[PDB]
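Below, in structure tokens: the form solved without this ligand, a single chain.
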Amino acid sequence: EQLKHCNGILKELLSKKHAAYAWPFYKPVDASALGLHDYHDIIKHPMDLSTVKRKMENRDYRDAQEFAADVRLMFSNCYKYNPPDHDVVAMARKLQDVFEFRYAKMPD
């Protein structure tokens, strides 16, 4: 069931309300379009909300914990690839607070 609550968390991350700092996570990072010839050398396991979503619609997560590891991987890659001061790092931590909060508010 919890997976149902995971769905809700997803749509909450995708919603217009958070668009201002969520937009950089919508689809896989476009290294080519952003001009990051080194992104893939550094990030071996790319992750984004479109990928978490597809995994959700397919039931590829056995539980809320697997879901959460992918969402945290997404933010992780971001913290790892970007300088600590970059606006994108701040946007991620801002998205992460929202996720973590709704995720804690899951019954368990």
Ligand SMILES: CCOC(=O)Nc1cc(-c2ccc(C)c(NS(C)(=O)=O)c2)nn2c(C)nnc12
The other form holds:
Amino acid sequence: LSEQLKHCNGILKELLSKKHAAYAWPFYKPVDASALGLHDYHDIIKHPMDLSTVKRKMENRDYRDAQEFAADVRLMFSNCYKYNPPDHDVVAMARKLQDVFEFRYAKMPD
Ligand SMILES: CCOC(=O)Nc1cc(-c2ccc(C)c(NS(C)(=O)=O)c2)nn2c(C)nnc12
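Next block, the form solved in complex with this ligand, ref. the form solved without this ligand:
Below, the chain from earlier opens the complete complex, with every other chain and molecule after it.
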């Protein structure tokens, strides 16, 4: 891990931590469209993403740089904003978790 990717790994640890679990847990595993009845989910969302996938990629040392890590995390959030109306509970949860991500990601030394 580069120093930037070590920083990203620490961010991932925080996003997965009990501190944020009350709004992070819908992002812990891939959206299960069949169980939830999200009929059009895989038509609307071309590239699903979630924290278990980010965690797998980081653990396997698959990210080439910090930008690749950030793109996945933002893809996860953007999918949630794209699929859901603005007043849905899960959009508010996404925003609270993204507050954590964007602030800590911005503090990455460069
Ligand atoms: C028409 C109503 O729209 C929605 O219900 N939307 C969304 C719902 C949930 C969601 C809820 C409850 C549970 C138990 C789960 N679990 S999981 C990760 O296995 O699928 C997920 N996540 N979500 C994400 C991300 N993005 N959108 C949604």
